[PDB]
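Coming up: chain A.
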Amino acid sequence: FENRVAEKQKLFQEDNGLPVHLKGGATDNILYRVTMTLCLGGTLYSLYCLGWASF
Partner candidate 1 sequence: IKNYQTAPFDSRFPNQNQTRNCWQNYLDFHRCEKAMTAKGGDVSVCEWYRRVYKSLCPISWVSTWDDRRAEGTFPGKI
Partner candidate 2 sequence: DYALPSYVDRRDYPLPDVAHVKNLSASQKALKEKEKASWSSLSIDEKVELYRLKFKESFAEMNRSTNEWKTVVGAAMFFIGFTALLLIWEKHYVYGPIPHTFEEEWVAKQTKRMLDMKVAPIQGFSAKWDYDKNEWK
Partner candidate 3 sequence: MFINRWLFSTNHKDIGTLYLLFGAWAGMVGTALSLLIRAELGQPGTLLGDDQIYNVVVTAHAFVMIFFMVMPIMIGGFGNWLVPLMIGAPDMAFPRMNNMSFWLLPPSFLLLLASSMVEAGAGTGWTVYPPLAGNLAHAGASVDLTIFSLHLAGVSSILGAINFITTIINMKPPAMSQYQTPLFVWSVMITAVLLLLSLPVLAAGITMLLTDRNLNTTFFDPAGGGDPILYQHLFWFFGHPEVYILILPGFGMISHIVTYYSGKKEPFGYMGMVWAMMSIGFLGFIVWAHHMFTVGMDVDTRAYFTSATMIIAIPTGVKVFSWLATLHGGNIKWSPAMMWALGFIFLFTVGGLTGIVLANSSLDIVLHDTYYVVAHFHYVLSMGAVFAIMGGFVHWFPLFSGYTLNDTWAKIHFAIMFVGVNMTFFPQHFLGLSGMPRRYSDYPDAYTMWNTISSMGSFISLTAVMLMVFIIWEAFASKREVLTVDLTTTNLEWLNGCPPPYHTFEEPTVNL
Partner candidate 4 sequence: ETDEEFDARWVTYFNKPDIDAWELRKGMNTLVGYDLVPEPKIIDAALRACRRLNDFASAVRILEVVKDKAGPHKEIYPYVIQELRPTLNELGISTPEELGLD
């Protein structure tokens, strides 16, 4: 392996106004959309389950 930290430092310090969780690129946006879709969807589902259980 070779030291590529400098390349990563350049990428993450690039003044594009992006928040650290999306500054890595398009994948961050794909990975963040997947974590958000599952979290909210799963919450809606838990609410539904609380309905079925309570009644």
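Everything below uses one rule, namely that a contact is a pair of C-beta atoms (placed from the backbone, for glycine too) under 8 Å apart; a residue touches a chain by one contact, two chains touch by 3 or more; residues count from 1.
Regarding candidate selection, all candidates are chains of the complex that A comes from, given by their letters.
Student: All of 1, 2, 3 or 4 belong to the same complex as chain A; which of them touches it?
Tutor: The single touching candidate among 1, 2, 3 or 4 is 3.
Student: For the complex, give me every residue of chain A touching candidate 3.
Tutor: Those residues of chain A that touch candidate 3 are 50, 53-54.
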